[PDB]
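Could you build all of it, start to finish, from the sequences and the hints given here?
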Amino acid sequence: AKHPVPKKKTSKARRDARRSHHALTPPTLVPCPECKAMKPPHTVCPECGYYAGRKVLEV
Amino acid sequence: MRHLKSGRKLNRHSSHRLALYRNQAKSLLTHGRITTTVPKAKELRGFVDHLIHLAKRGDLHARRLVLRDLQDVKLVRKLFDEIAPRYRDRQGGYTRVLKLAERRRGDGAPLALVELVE
Amino acid sequence: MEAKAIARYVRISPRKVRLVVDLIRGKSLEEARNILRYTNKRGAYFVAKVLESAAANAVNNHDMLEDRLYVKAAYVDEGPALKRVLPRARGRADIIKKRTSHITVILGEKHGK
Amino acid sequence: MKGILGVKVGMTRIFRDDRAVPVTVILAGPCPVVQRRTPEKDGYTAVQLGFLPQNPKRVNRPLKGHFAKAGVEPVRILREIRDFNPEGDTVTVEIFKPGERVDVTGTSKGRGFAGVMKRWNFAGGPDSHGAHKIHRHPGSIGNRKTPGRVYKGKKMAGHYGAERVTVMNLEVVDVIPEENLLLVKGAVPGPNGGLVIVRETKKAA
RNA sequence: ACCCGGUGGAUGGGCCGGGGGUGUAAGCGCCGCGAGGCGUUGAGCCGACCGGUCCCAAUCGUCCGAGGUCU
RNA sequence: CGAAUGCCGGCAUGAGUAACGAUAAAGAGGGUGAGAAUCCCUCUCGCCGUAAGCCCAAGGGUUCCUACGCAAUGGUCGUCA
RNA sequence: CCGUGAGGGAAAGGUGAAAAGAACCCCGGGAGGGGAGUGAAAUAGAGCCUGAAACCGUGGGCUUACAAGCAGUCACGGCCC
Ligand SMILES: [Mg+2]
Ligand SMILES: [Mg+2]
Ligand SMILES: [Mg+2]
Ligand SMILES: [Mg+2]
Ligand SMILES: [Mg+2]
Ligand SMILES: [Mg+2]
Ligand SMILES: [Mg+2]
Ligand SMILES: [Mg+2]
Ligand SMILES: [Mg+2]
Ligand SMILES: [Mg+2]
Ligand SMILES: [Mg+2]
Ligand SMILES: [Mg+2]
Ligand SMILES: [Mg+2]
Ligand SMILES: [Mg+2]
Ligand SMILES: [Mg+2]
Ligand SMILES: [Mg+2]
Ligand SMILES: [Mg+2]
Ligand SMILES: [Mg+2]
Ligand SMILES: [Mg+2]
Ligand SMILES: [Mg+2]
Ligand SMILES: [Mg+2]
Ligand SMILES: [Mg+2]
Ligand SMILES: [Mg+2]
Ligand SMILES: [Mg+2]
Ligand SMILES: [Mg+2]
Ligand SMILES: [Mg+2]
Ligand SMILES: [Mg+2]
Ligand SMILES: [Mg+2]
Ligand SMILES: [Mg+2]
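Top line first, the protein sequences correspond to chains A, B, C and D.
With UniProt numbering applied, the first sequence covers 2 to 60.
With UniProt numbering applied, the second sequence covers 1 to 118.
With UniProt numbering applied, the third sequence covers 1 to 113.
With UniProt numbering applied, the fourth sequence covers 1 to 205.
No lab work stands behind these hints: they were computed from the structure.
Misleading hints may appear alongside valid ones.
Claimed, not checked - Keeping only pairs whose Cα atoms sit at most 25 Å apart, straight-line, the calculated DSS-like set for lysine-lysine is:
(1) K109/D / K9/B
(2) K110/C / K27/C
(3) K3/A / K145/D
(4) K37/A / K97/C
(5) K99/B / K37/A
(6) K10/A / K98/C
(7) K83/C / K10/A
(8) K49/C / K37/A
(9) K8/A / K97/D
(10) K109/D / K5/B
(11) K145/D / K9/A
(12) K10/A / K16/C
(13) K26/B / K56/A
(14) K5/B / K118/D
The structure is reproduced here in structure tokens:
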């Protein structure tokens, strides 16, 4: 509401033509070492995922 | 630029950012394991390690230079008499950092874990 | 056979949700299930809930061998909005409209061939 | 036209006939000619070179150990020299006798998104008197209804630095063939460790 | 985006050595009624620079990706 | 009825953009919970302190206290109010 | 509801013939669905007759990344029905 303003109502085309990028990507997942559960890499997985320094397990 | 500089600015100013670390420290050396944002941790290492290494060499001057950051006699005590030991034959990395796979909700902050190795 | 599970009037803005309802269209309910669990978006949650619900309907009502069905179709629809008032500077006042979604998630049976 | 590659050690003033100062140590390590692009099979004349040896095998396939000199292929064979034809094997460093003149070509320092007035030295605004949130702006950029556009080359802010830059006629102060070392006259681009190349001065020769 | 690493590895953090910046820490001893001064001591502390070192972390894996139209 | 910067209603565009209301400031552990950066507890840190603390008057009119609860209200969250 | 006040002054009607208003089971904290059941009819399910248009979608056919655009029209050509 002021100085610069939209000259024309953008076309439905150009609108979605710019959102051609907002397309969301799928996470990056990998199988946990032990439990046959799926989980994102380099992370002390939500099911006892890791060895040595406590793996904040589900025990 | 703002090239070869090293040392996260944590959307905090001097006295805050500093007094922040001293509080991460006190926690970490009382509970042995703390959970924070991955970054807030990646920094905590060196601040603590130092505190600990100053503990091994542990004499009087070390007891004090260390106290300056913890202010608490006890704990400062528990660190020199029960923590320092466990590391006397370990040179470096007296601290660990392990990323968590879940993010704080209604915020979405990537988390991590911090425990004293060994 | 197929089984749907529509979550009506979910207080949340469509364009925000369609985002994820797009991450699981046509996938292994095992795949989907996973993706959602690990997707940083309020929407994830709501879609999951529905998804997991048609999963149940699949089993319980239409006999479908859980471990053999995918997301044949999914898609969220626009529901009546909530016109609230947002006071502005110089006695302006505006109508902020809290939208609401209608999330549909229908299931189908994978090959078996 | 003598080529050669080298990182860029550091800087430091020296001393010669009193009149101290002022060089840029840079090492033109052994550069194993790994190809010699012919004006028949290629159309022009040059010599792929290769630098830093290394690579205990990060070297995929292509590699090109073909030319029996590809000693565990260098990290950056990057670049040939052009109109250069060595002693068909490894460029010395002694290709340079002191007193000679050169040209260093390097990757300049990366200044990211740079405001105008660094990127171009624009005068900026007036720190006081009127002022008002234009203390560092580019001021005006065009005329009115005619032209009604902005010049194809109109200076403005943007990526600035981290571009291939060449500084010429640099005097070759010295050279230690033992350590592949080479000393010049400060004016040499890029950061330390970044790669640079050293030709013979285009000034004449 | 680009570039370099990812343990058959010195990538970052710690640690050690060196640069470098401060100006000779605390404790103790001595001199002074005392503020102080002297010594131990160029000490102590010490970001970013140059290196060394697997003590901490780059674990484990996953997904893409040609099989070449016609005279 | 196609135009009146027409009237009423509805839905678009700018746009996932500007914002989210003092730069006094946060950190962690443990609870509860279907669900916690946001609720309870404890330790640490910071802010006001001729108030950012207390007592009156006006005005307000149940906002007080307690039990059970989150659709909406709270500029996010909410098990809290 | 607006205004100190005189005064201004809205929006908002319809399930079915009869509540027969959806037992019970399943997912879910709920809301909400899926079955089941009522009904002639359930896109008659209570933010309920008919439910148009803007506007937001999902799927399919044709089409498009060397192209200059009041967006049509007139020709030929492919592809789909
Ligand atoms: Mg930096
Ligand atoms: Mg201060
Ligand atoms: Mg006002
Ligand atoms: Mg830079
Ligand atoms: Mg000026
Ligand atoms: Mg100003
Ligand atoms: Mg003008
Ligand atoms: Mg390292
Ligand atoms: Mg040192
Ligand atoms: Mg002393
Ligand atoms: Mg080694
Ligand atoms: Mg007319
Ligand atoms: Mg209108
Ligand atoms: Mg914009
Ligand atoms: Mg912006
Ligand atoms: Mg913003
Ligand atoms: Mg606020
Ligand atoms: Mg009340
Ligand atoms: Mg109360
Ligand atoms: Mg809320
Ligand atoms: Mg508000
Ligand atoms: Mg609760
Ligand atoms: Mg309560
Ligand atoms: Mg039902
Ligand atoms: Mg009807
Ligand atoms: Mg009727
Ligand atoms: Mg109707
Ligand atoms: Mg074409
Ligand atoms: Mg035409």
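For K37/A and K97/C, compute the direct alpha-carbon distance and say whether it is at most 25 Å. 45 Å, violated
Proposed proximity, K9/B with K109/D (alpha carbon, max 25 Å): 23 Å, holds
Given pair status - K37/A, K99/B, alpha carbons within 25 Å: 20 Å, holds
For the pair we were handed, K5/B and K118/D, check the Cα-Cα distance against 25 Å. 21 Å, holds
Regarding the pair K10/A and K16/C, is the alpha-carbon distance no greater than 25 Å? 22 Å, holds
Between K26/B and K56/A, is the straight-line Cα distance small enough, at 25 Å or below? 23 Å, holds
Holds or violated: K83/C with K10/A, Cα cutoff 25 Å? 23 Å, holds
For a C-alpha distance cap of 25 Å, please report whether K109/D and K5/B respect it. 15 Å, holds
Straight-line alpha-carbon gap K3/A to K145/D, limit 25 Å: Within the cut-off at roughly 23 Å; holds.
For the pair supplied as a hint, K145/D and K9/A, confirm whether the alpha-carbon distance does not exceed 25 Å. 21 Å, holds
Does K98/C lie within 25 Å of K10/A when you go C-alpha to C-alpha? 23 Å, holds
Would you check the hint for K8/A and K97/D, treating anything up to 25 Å between C-alpha atoms as holding? Judged against 25 Å, a Cα distance of about 68 Å means the pair is violated.
Of the hints listed earlier, those the structure fails to meet are numbers 4, 9, in rising order.
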